[PDB]
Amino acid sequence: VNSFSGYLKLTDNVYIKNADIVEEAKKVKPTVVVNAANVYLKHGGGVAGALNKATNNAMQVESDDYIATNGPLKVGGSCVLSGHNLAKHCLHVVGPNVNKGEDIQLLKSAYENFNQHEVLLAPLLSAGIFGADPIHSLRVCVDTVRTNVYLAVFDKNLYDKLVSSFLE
């Protein structure tokens, strides 16, 4: 349980590894895995699509049920649902999509949800199709999160850029 191996320390509580977050979740068995969700919890692509596919659509079925009760999430908000076979819990967090004009300030609010959980396996929020600068997103993470965060970054080129920008 929570057997993280091969992570590089960035700060006392933020670690990083060049790895696939789905493969890590299966090896590590974490208490919490974080999903880079959208407000409708439609796990179509990116991290969200990969995590959902690894549950063979169990996560989407549960998410559809939650959205029928609560309506859409808010940007900056989150919900804790089942982790299915990847984790005990999955924390679905909505970061801002700056392509759509959503406020980059809200990325702080997004990361703040991490502080309700003592250890998390997570991706960088608001990267990819959400349009934010990933190095900037890591800055906000290390400024905001006070609990133990293990970040999985798939792209080796981006991984090297991140480790350079933080330790060089």
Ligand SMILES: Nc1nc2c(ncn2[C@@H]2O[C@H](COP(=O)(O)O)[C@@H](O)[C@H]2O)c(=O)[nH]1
Second form
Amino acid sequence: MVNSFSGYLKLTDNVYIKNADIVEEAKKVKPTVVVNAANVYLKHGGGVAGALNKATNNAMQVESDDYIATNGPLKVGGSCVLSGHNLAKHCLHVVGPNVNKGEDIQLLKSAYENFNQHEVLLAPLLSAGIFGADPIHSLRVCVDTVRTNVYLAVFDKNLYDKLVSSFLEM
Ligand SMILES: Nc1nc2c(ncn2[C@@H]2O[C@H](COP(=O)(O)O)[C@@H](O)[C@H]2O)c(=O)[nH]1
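Form solved without the ligand already given; the form deposited with the ligand bound follows:
What follows is the whole complex; the chain from before opens it.
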């Protein structure tokens, strides 16, 4: 069954969260859309991007390279829709700002606005990990910006517990 999400807490009308590996979730859920926490050249070197691409045996990277050759790099805050290969029907590759490289944190709102083009998404938090944004801030921007249905997979149990306790005790 498509979009078979289970095990999430519902934080808002739009936003759900689970302590999960987004690759394992995408295999179970069969989402119409999985979000990649991409960079502007769609180089899936590690993090969520690397994990999603690894699950596609590099098909995602080859398709991404072709997209970039034909269309040029994305903008920070931008997105493109490509195949979800064996994980999803579509992968929405979204570029959040890398505040470790001095990109404007205000583009995290632009980045999450891309989600609103899809009714239902499985997604990571944006601009976490090596992109350097505070995940609590990222979740706040997500809930303030996304208006459809987003199922967030947070891999790290400690981070998950911190996000949930922070959000629900606000
Ligand atoms: N493209 C990309 N590379 C990442 C991401 N997170 C980590 N990396 C890279 O992936 C490699 C392994 O990182 P680790 O798995 O230890 O976090 C390192 O080269 C690191 O810079 C990410 O979200 N995107």
